[PDB]
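Each chain, letter by letter, is given below.
2 protein chains.
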Amino acid sequence: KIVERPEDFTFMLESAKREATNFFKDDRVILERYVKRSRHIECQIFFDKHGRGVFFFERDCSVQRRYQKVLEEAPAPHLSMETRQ
Amino acid sequence: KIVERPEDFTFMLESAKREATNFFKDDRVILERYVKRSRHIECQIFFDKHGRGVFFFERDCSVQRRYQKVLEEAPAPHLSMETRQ
Numbered sequence: 225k226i227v228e229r230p231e232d233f234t235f236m237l238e239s240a241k242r243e244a245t246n247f248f249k250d251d252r253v254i255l256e257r258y259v260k261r262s263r264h265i266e267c268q269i270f271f272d273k274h275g276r277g278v279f280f281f282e283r284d285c286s287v288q289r290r291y292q293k294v295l296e297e298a299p300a301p302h303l304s305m306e307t308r309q
Numbered sequence: 225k226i227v228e229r230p231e232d233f234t235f236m237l238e239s240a241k242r243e244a245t246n247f248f249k250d251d252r253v254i255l256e257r258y259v260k261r262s263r264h265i266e267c268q269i270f271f272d273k274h275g276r277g278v279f280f281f282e283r284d285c286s287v288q289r290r291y292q293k294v295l296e297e298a299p300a301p302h303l304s305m306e307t308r309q
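Residue numbers (the UniProt record's numbering), protein chains in the order written: chain C, 225 to 309; chain U, 225 to 309.
Treat the hints as calculated values from the structure; they're not laboratory data.
Where hints are given, some of them may not hold.
With the Cβ distance kept under 10 Å, some of the chain C side facing chain U (calculated, not the full set) [what the hints assert, rightly or not]: (1) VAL227; (2) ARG229; (3) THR234; (4) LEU303.
For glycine and all other residues, C-beta sits at the position ideal for the given N, C-alpha and C.
Please model the entire structure based on the sequences and the hints provided.
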């Protein structure tokens, strides 16, 4: 129900119980954090066999259709240096 | 009342009317955007008299006591390059 508002106690249980109808499946319910927006990041890394390595620069794969990569950018635009670190 | 929740119509008017009590002043009320957090920024600039100039780097003055400057940092840490531009 896109219930991003905390202090919700009379609608979440009603929503779950109406979900259980016609979609009983297993009565077990799992709770997680809900994120409104999503942008994919993927840093690169490298390691020898003598205990020494160094991470490469980040990357972005926001654009993808049907789980197929389309176009990507190695420098994640709008990414603070400190974060990169 | 720190009313950051939109779709508020039965509490904002009650809050304003209870504010008017013992603090009538003028009945005119002004509405603005409310920001939860504040951090001060101040960019520098330079201009000749022959129509040509160039902005210097940003700055930060977050730390101040009783409107008195205490400690400041020219490179605003955690500031994306694009924003600087």
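Now for the hints, and whether the structure bears them out:
no. : hint   : in the structure
1   : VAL227 : 14 Å, violated
2   : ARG229 : 8 Å, holds
3   : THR234 : 17 Å, violated
4   : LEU303 : 7 Å, holds
Going through the hint list in order, the structure does not satisfy hints 1 and 3.
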